[PDB]
Amino acid sequence: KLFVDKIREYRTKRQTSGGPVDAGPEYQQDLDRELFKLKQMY
Amino acid sequence: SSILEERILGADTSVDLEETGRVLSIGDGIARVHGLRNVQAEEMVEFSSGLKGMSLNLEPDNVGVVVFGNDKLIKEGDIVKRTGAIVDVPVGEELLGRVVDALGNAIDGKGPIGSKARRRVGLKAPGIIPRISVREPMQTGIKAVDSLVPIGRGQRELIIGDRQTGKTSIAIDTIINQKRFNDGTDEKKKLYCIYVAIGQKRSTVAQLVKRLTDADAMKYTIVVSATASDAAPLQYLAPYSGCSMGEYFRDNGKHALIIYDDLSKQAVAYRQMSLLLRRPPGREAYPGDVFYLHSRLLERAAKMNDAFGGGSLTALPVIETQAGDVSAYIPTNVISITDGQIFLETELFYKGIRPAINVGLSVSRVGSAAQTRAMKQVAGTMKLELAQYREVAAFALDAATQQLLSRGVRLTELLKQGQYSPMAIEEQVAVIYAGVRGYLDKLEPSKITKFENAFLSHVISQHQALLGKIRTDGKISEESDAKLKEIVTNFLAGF
Amino acid sequence: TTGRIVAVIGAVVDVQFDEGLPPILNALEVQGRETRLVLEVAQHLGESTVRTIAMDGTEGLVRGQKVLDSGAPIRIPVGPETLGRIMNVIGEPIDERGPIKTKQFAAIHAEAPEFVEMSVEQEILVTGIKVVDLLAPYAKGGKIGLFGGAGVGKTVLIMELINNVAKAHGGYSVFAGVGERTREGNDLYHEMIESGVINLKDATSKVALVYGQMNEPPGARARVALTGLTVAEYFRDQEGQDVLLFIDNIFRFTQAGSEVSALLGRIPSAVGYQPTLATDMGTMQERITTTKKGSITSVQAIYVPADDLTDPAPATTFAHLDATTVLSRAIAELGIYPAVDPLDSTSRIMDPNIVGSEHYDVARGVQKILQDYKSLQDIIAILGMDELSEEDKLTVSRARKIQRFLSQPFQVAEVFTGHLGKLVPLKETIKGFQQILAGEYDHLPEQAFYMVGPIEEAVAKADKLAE
Amino acid sequence: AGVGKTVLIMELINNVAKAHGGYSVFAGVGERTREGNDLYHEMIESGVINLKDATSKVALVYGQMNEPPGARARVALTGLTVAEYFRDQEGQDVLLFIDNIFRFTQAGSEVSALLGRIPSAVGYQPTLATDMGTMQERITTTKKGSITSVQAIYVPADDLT
Amino acid sequence: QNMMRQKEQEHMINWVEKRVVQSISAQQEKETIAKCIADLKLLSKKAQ
Amino acid sequence: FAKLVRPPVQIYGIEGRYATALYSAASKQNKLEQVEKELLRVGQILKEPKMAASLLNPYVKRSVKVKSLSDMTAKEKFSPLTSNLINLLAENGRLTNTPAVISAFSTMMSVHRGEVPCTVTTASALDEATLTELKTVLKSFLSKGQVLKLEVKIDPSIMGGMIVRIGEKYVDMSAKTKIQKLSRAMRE
Ligand SMILES: Nc1ncnc2c1ncn2[C@@H]1O[C@H](COP(=O)(O)OP(=O)(O)OP(=O)(O)O)[C@@H](O)[C@H]1O
Ligand SMILES: Nc1ncnc2c1ncn2[C@@H]1O[C@H](COP(=O)(O)OP(=O)(O)O)[C@@H](O)[C@H]1O
Ligand SMILES: Nc1ncnc2c1ncn2[C@@H]1O[C@H](COP(=O)(O)OP(=O)(O)O)[C@@H](O)[C@H]1O
Ligand SMILES: [Mg+2]
Ligand SMILES: [Mg+2]
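Residue numbers (the entry's author numbering), protein chains in the order written: chain h, 9 to 50; chain B, 9 to 404, 410 to 508; chain F, 13 to 479; chain E, 162 to 322; chain b, 162 to 209; chain S, 1 to 188.
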């Protein structure tokens, strides 16, 4: 059962994937911090 | 993304009928389990939190199980499932280039280990018939180790010395030097190095792996890291995991080299493991078992005869001695288990004489056997000359005495070396030849290093034909000796 | 009978029987194994429970297995068919040449000879080693001990004795390697095959081999010594022939006994050693004796842990030996070999009525002068030799000459040293030391004596050095 | 004492907060109350701590000398927690002063004795190696930042072994 | 690319798990119990 | 010594030693069922507030305990085995843990007659039809002679599925572990 449940959960998530879904400000802040760390080391 | 969904399917969700037990009391790193009626001794039970444990004590009413992780992830009342197999580890050529922890769980990223075979960490050493005398040479690429205190394949040398005297450096140079053999044509000179890091800072092992990847040396190395933070029952087990990953090669006709670094920090993990079991402490609080612990581990570095595949497993235990006391408990426990020893003085090291091998005390009890004939010719003289120099260096008259002093100082300056700079055997032969036959007695000792460098850059560039002749015919013939003498004389002239 | 395992802790297995228990020291077979695992009974806990010591790996023992009593203690094949074979503790052959086809078996836990059987005759054994012959003359038919730290010479010396004594011997021989390297055992096997001492195609072998090497669990190491004693006791009694019995390393017997004595639930003695250290050693070393039926010459290599001669194990074993030979790391670091310490080696035949008067007087003069030099060393190490009387300077010179002259090159150490191995007859040794003490060589330098045979070679080397 | 240990600590704090922008933590394990108060006031005077304008460069954590051993063996972990925050959730370098590091091992030893564990070689807990490892192995330079630890060391009996 | 994609996947799993935990709140327990009992029959048959 | 007949199940501790002694005593003379009866009757007797409070005070002479227990075992005409057992416990001073003793014996009697215990855990109750088919399938696990002794239980923690324990065997049909396994698989 749960294999089908995971399958359909991914389906119903990807269908609402007009981008990163329900991420929040932490999404952007952490990504920017990591990117700027990459810049500092690159 | 859909890659992850494929990651979902194909997972084994089948349920099986499995025996089980209930934890009674977890504390001090030894869980007590109730049940597990049909559990074998030294079996690998699995807790409910994904941990693992080795069924250690089969008492009538419970099972003392040593946890292979942090015992804070184990409750009282948890469920312990027996996996029905004595403690195993994954072995194969699928591990080469992978940093696996003490149980074969890749701590590397880089996907999982795709191994198809498992060995038992608690196997037994080969008996007396399978073994054969040590015959083949293990090239360390270090002039002092390769000339004076050579090593063979099947031998189990020891590297013993204080804090920061260059033991890990010798190990890493030995690992790196094998790169040339591990590219040639014959599978008979390929050495598959292993490196067990026991109770070592994790950053150290990370940088060591980075260094081994710079030198293209991870194509054959396996790093089995049970670092400082890891629970004691993992530092105790890591050497046996590594020794099994090496026994696989040894038993399948190949050649392996395993470096335990350190074994003075496995015995400390074992002393913790014991005193927490209430076992009666002995000399220095070590259990009386602390010998069998190392004897059983180092007795597997065998050299199987040709009727048993012909493989081999060299071992290079690294002991660390406080204040350079070679007569402590563990140092002597191990000095009576191994076939040799390399003492790394901490005052030779502080003089800039690196690597700091103390050739007075170092020895290899297979020694001249399993040494290239060329190096034997060149280095027997060096051994005698260094002996004579040592006999007299306690004061600083006649012609012979001053001659001994000068030749010995030249040779000492000649045996220094730099890090991550292993030298082919023929290069060592050439340098020590130019040193011992006496084509350096006029040059100032302080310059002997520069000469060395320059000389190499010459010989490697111009006369590679002679070096190939020495390598192929592992011996210095008379014509080769004459050509080499000409080369040395001519080069020294222009200096 | 048939019991069932009820506990398995390390190498100690607690078994339970419903019918009559087996008496202590019996052997039990764990039914249901891929090999032969023999558990030897050691205690009777009560509740028809016994506590046994396993003579093999106890990994894979399920609580509730079936154990089947043998009825007699461990019994090994003894006889003239064990000559040239190899044997583990439980007597199985481990050389891969088929079973040991003997007629008569022997239990490894026999009793010591009674007081009304001990022999008393004492006679010197000449070994060709200068220091051993001079200061601690070995006795033919008596226990001998080589006390050494780790890496000092116990095994090179026991191999030199093997060579010298055994190859020039008429009787049989037994080598019971207990708790020692496995590659060393292999090298010894393949080095006696090439010497004709072991014969793989005939019945002219002279040496039996028993091995409990250091990869073996504590249960096996603690009993292989008894297997060696049994294989030698047979040749002593049921043949009435002179046996040699080399054991290396006999300290592993007691060490293994202590490793498997915390689990038996005993209160640990002085240094963690078992409470029964002295008695366990005695019941073993008391079967290694020359009696009126035969004569065993035992050479035992005792390890001295952490270079401590006051450790309970060597301290206890010092009382079971005729002649001791204390190899010391301090001498070995000077390059002298064998590292024998002249002022700790002793013998029971250092009697002027046994070794004569010239031998005894020379040996005692050597010891007196070495002791004087040792007393001087405390001052010499600070105020230098420039602060000694003239008689003291002369004494120090003689003492250094003697210390060097005691060093000898062995045959088995050619690969190490390259030098040629020497046997120095006893008369040559006495003569050389008599001369050095008289003063006939105060003009030579110390190094003229380093690693030479009889004093003729010392004079020759002194001549070489002078050019 | 008397050599400039506190002044050197303050200078390291200041320079690292000025030439790198990274803050500092001071875990006074087994800290004399008198010395702790003196350090606090020296810092306030020297400006590394400031009671008015929210620009202090130090976070002080004090496990005093009169607290049960169970509390002197854990203060090092409180200091490490604060510094780990400054390293992971603010991605910078950090200094972590530990005065003293011997009192940490001693506190661990007393806790282990209280629990009833067989003392090790010289009375130290059996878990000395891993007790030191779990703490010392969180002071490292990960891929977000680094914690650099300056650990005052006392050598018992002038015995380096 | 590696960094952004791996963080994306981590968040993927985080929310997928959090929401399937909610989605287990249906009334299919009868089907689950039936499947479990059938699998028990399978195991019992195999184990004899 | 005598050859005490081994009980089917082995218990350990002082409770287990007393229980094994009693089981071997009763098994000889074949008095197991009645002995269990007197044991489960002293189970009620000893809970009497007066006796319960009197037998826990350590300041009443042990002989007083034994005398009182002989009085309270003569009134009920207990088999000689049970009276001797209680006198033995009073002499040795273990009657403070009698409930562990008698309880152990009960266990040691169940395993005698084949009541291989089981246990089923679920997130909700079970329909008697579903529970009955469950019992019918579980009966197939046992051997001949043995009879199931089911014990339903409820936990909210496990979402769905089911958990079954059959003596030693253990099958985790729960959805908690299935979800965890899937999460590990899709992380690792
Ligand atoms: N051959 C060499 N020439 C110059 N420097 C060396 C050499 N070998 C080691 N060193 C230096 O010694 C220092 C420590 O050496 P290394 O780590 O190999 O010793 P170690 O015994 O492994 O130390 P530890 O065991 O405490 O990790 C390093 O800074 C290293 O560069
Ligand atoms: N007679 C000797 N001559 C030269 N070297 C020796 C002699 N005896 C021992 N040595 C050196 O000391 C080492 C000690 O080894 P060995 O005596 O075989 O082991 P053990 O530690 O059991 O005594 C040898 O490997 C050898 O290098
Ligand atoms: N760089 C410096 N300049 C001037 N004085 C200093 C310097 N370093 C140390 N001192 C003096 O040394 C003394 C040592 O005290 P301090 O280091 O503050 O405490 P502790 O002695 O406990 O380390 C101080 O009073 C200070 O006056
Ligand atoms: Mg290192
Ligand atoms: Mg030896």
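No lab work stands behind these hints: they were computed from the structure. Think of the CB as a built atom: it goes at the ideal place given N, C-alpha and C, for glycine as much as any other residue. One thing to keep in mind: the hints can contain errors.
As the list claims (entries may be wrong) - Partial list, computed: chain B residues near chain F (C-beta under 7 Å):
id, residue
1, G43
2, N46
3, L66
4, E67
5, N70
6, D116
7, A133
8, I137
9, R287
10, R291
11, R304
12, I343
As the list claims (entries may be wrong) - Across the chosen pairs, the derived CB separations fall in these ranges:
id, chain 1, residue 1, chain 2, residue 2, range
13, F, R376, B, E457, 14 to 24 Å
14, B, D116, F, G110, 47 to 57 Å
15, S, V147, B, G35, 33 to 43 Å
16, S, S143, B, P68, 32 to 42 Å
17, E, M226, B, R219, 42 to 52 Å
18, B, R171, E, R193, 42 to 52 Å
19, F, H56, E, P280, 30 to 40 Å
20, F, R376, B, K197, 51 to 61 Å
21, E, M293, B, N260, 54 to 64 Å
22, F, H56, B, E67, 17 to 27 Å
23, F, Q423, E, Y315, 53 to 63 Å
24, F, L57, b, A208, 51 to 61 Å
25, E, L169, B, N260, 52 to 62 Å
26, E, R193, B, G35, 39 to 49 Å
query: What hint numbers does the structure not satisfy?
result: The structure breaks hints 1, 5, 6, 13, 16, 18, 21, 24, 26; every other hint is satisfied.
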